[PDB]
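Asks: Each chain is listed here by its residues.
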Amino acid sequence: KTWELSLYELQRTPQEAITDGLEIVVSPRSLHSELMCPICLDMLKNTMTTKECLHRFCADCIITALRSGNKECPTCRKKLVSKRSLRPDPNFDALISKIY
Amino acid sequence: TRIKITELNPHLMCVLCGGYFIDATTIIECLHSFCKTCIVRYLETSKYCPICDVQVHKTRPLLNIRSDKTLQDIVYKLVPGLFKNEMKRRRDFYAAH
Ligand SMILES: [Zn+2]
Ligand SMILES: [Zn+2]
Ligand SMILES: [Zn+2]
Ligand SMILES: [Zn+2]
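Here the protein sequences come in this chain order: A and B.
Numbers in full-length UniProt numbering are just positions in the first sequence, counted from 1, shifted up by 14.
Numbers in full-length UniProt numbering are just positions in the second sequence, counted from 1, shifted up by 4.
Because the hints were derived from the structure by calculation, they are not lab data.
Beta carbons are placed, not taken as given, at the ideal position from N, Cα and C, and that holds for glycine.
Certain hints may be false.
To be verified - Label-pair restraints from in silico Cβ distances:
no., chain 1, residue 1, chain 2, residue 2, range
1, B, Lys51, A, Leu36, 36 to 44 Å
2, A, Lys97, B, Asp96, 43 to 51 Å
3, B, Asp96, A, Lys93, 38 to 46 Å
4, A, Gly35, B, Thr49, 34 to 42 Å
5, B, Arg94, A, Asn60, 20 to 28 Å
6, B, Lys88, A, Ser96, 40 to 48 Å
7, A, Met57, B, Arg95, 16 to 24 Å
8, B, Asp57, A, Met57, 28 to 36 Å
Take the sequences, apply the hints, and build the full model.
Replies: Okay, structure coming up:
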């Protein structure tokens, strides 16, 4: 990846925050599959993220998978040397703790 | 069931433009995220994360950033009108140019 910016991108301006009290309908989470872990199909909990490919799992599930001896990523099958190959992210955690 | 978007805002917003993530891009070292355009221009004059100050890469910062498909998916899904708005802005730009 070059990270070349296009003509539009060189000129783009912010997308301002919606600050008026608007509520979001999140009654079902069959609209938000990005908050569910691919292994256990639950709300991601203590989210671990792979450095190289940015796939997210519960700490529980990804440690187990690595401990099984299988070094591939469960989502994209790209190699992982170890647990130094993933980082925790409190951002996703805190996001999920607000929605459910 | 219903959550105030003002409660989710802080997790959906780029610290470099103060608006919502557009083409969210994450730093591999610390995992902080930004708009593509904001972090790319920033990393032209710095090799340290805007938020936590950690070194992104020894020499070539762009090596340790990634497109965050998942994060951008959430933002578009949660922030109503956001996606339609960005697409429109781009449509309006190319018609002008
Ligand atoms: Zn899991
Ligand atoms: Zn992966
Ligand atoms: Zn930005
Ligand atoms: Zn950081």
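Asks: Evaluate each hint against the coordinates.
Replies: Each hint, compared with the structure:
1. B/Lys51 x A/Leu36: 36 to 44 Å: holds, 38 Å
2. A/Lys97 x B/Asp96: 43 to 51 Å: holds, 47 Å
3. B/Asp96 x A/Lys93: 38 to 46 Å: With Cβ atoms ~43 Å apart, the hint holds.
4. A/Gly35 x B/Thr49: 34 to 42 Å: Taking Cβ atoms as reference, A/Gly35 and B/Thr49 lie about 39 Å apart, which means the hint holds.
5. B/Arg94 x A/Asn60: 20 to 28 Å: Violated: the Cβ-Cβ distance is about 37 Å, outside 20 to 28 Å.
6. B/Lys88 x A/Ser96: 40 to 48 Å: holds, 43 Å
7. A/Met57 x B/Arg95: 16 to 24 Å: Violated, at about 36 Å.
8. B/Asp57 x A/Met57: 28 to 36 Å: holds, 32 Å
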